[PDB]
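S.K.: The lines below spell out each chain.
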Amino acid sequence: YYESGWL
Amino acid sequence: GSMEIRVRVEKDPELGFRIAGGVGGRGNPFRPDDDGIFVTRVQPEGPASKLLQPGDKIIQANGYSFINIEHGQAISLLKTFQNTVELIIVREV
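The listed protein sequences derive, respectively, from chains C and A. Sequential numbering from -4 applies to the first sequence in the deposited numbering. Sequential numbering from 0 applies to the second sequence in the deposited numbering.
Each hint should be verified, as a subset may be incorrect.
[To be verified] Distance ranges between label pairs, derived from CB positions:
{"id": "1", "chain 1": "C", "residue 1": "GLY0", "chain 2": "A", "residue 2": "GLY0", "range": "14 to 24 Å"}
{"id": "2", "chain 1": "C", "residue 1": "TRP1", "chain 2": "A", "residue 2": "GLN72", "range": "15 to 25 Å"}
{"id": "3", "chain 1": "A", "residue 1": "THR83", "chain 2": "C", "residue 2": "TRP1", "range": "16 to 26 Å"}
{"id": "4", "chain 1": "C", "residue 1": "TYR(-4)", "chain 2": "A", "residue 2": "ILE58", "range": "12 to 22 Å"}
[Stated by the list, open to error] Far from chain C, by Cβ distances over 12 Å, these chain A residues were calculated:
{"id": "5", "residue": "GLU3"}
{"id": "6", "residue": "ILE4"}
{"id": "7", "residue": "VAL6"}
{"id": "8", "residue": "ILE58"}
{"id": "9", "residue": "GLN59"}
{"id": "10", "residue": "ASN67"}
{"id": "11", "residue": "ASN82"}
{"id": "12", "residue": "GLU85"}
{"id": "13", "residue": "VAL89"}
{"id": "14", "residue": "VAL92"}
Everything labelled a hint here was simulated from the structure, so no lab data went into it. Here a beta-carbon is modelled for each residue, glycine too, at the ideal position from N, C-alpha and C.
Let's have the full structure, built from the sequences with the hints guiding it.
M.R.: The following block contains the structure:
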């Protein structure tokens, strides 16, 4: 799955 | 079991969490056949640390529905809000 960077 | 909960995260200077999922996001570590947006990591002592938890599913942010939202669209939206981000999340209790 694709994980975002820190938001 | 699941409930829709509202939390307000104050960017200080950012929200302090990561997400996975969304349309095109190829899933998430919690519910593979749910194409929604899931919180994956929460920074301890960050602005979200008393509010969100890994596994939470974001379904709205400042009135914008996250149901049927694409992965990058959700990331961009969260990055673009400048101050408070009022979230509706789905959580198992």
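S.K.: All hints are to be evaluated individually against the structure, with a verdict given for each.
M.R.: How the hints compare with the structure:
A C-beta distance of roughly 31 Å is found between C/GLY0 and A/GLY0, which places it outside the suggested range of 14 to 24 Å. For C/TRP1 and A/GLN72, the Cβ-Cβ distance of about 18 Å falls inside the hinted range of 15 to 25 Å, so the restraint holds. In this structure, A/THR83 and C/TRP1 meet the distance hint of 16 to 26 Å, their C-beta atoms being roughly 18 Å apart. At roughly 18 Å, the beta-carbon separation of C/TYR(-4) and A/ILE58 lies within the given 12 to 22 Å, and the hint holds.
For A/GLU3, the requirement that its beta carbon stay farther than 12 Å from each beta carbon of chain C is met, with the minimum near 21 Å. Remark: the non-interface label on A/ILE4 is consistent with the geometry, its nearest Cβ contact in chain C lying 19 Å away (cut-off 12 Å). The beta carbon of A/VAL6 sits about 14 Å from the closest Cβ of chain C, which is more than 12 Å, so the claim that it is off the interface holds. For A/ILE58, the condition that its CB be more than 12 Å from all CB atoms of chain C holds, with the nearest at approximately 16 Å.
Residue placement check: A/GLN59 keeps its beta carbon more than 12 Å from all beta carbons of chain C (closest about 16 Å). Its beta-carbon lying about 17 Å from the closest one in chain C, A/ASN67 satisfies the requirement of being farther than 12 Å from that chain. Look at A/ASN82: its CB is around 14 Å from the nearest CB on chain C, clear of 12 Å, so calling it non-interface holds up. Residue placement check: A/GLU85 keeps its beta carbon more than 12 Å from all beta carbons of chain C (closest about 15 Å).
No beta-carbon of chain C is positioned within 12 Å of the beta-carbon of A/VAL89; the least distance is around 18 Å. Every beta carbon of chain C lies more than 12 Å from that of A/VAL92, the smallest distance being close to 24 Å; the non-interface claim holds.
In summary, the one numbered hint that this structure violates is 1.
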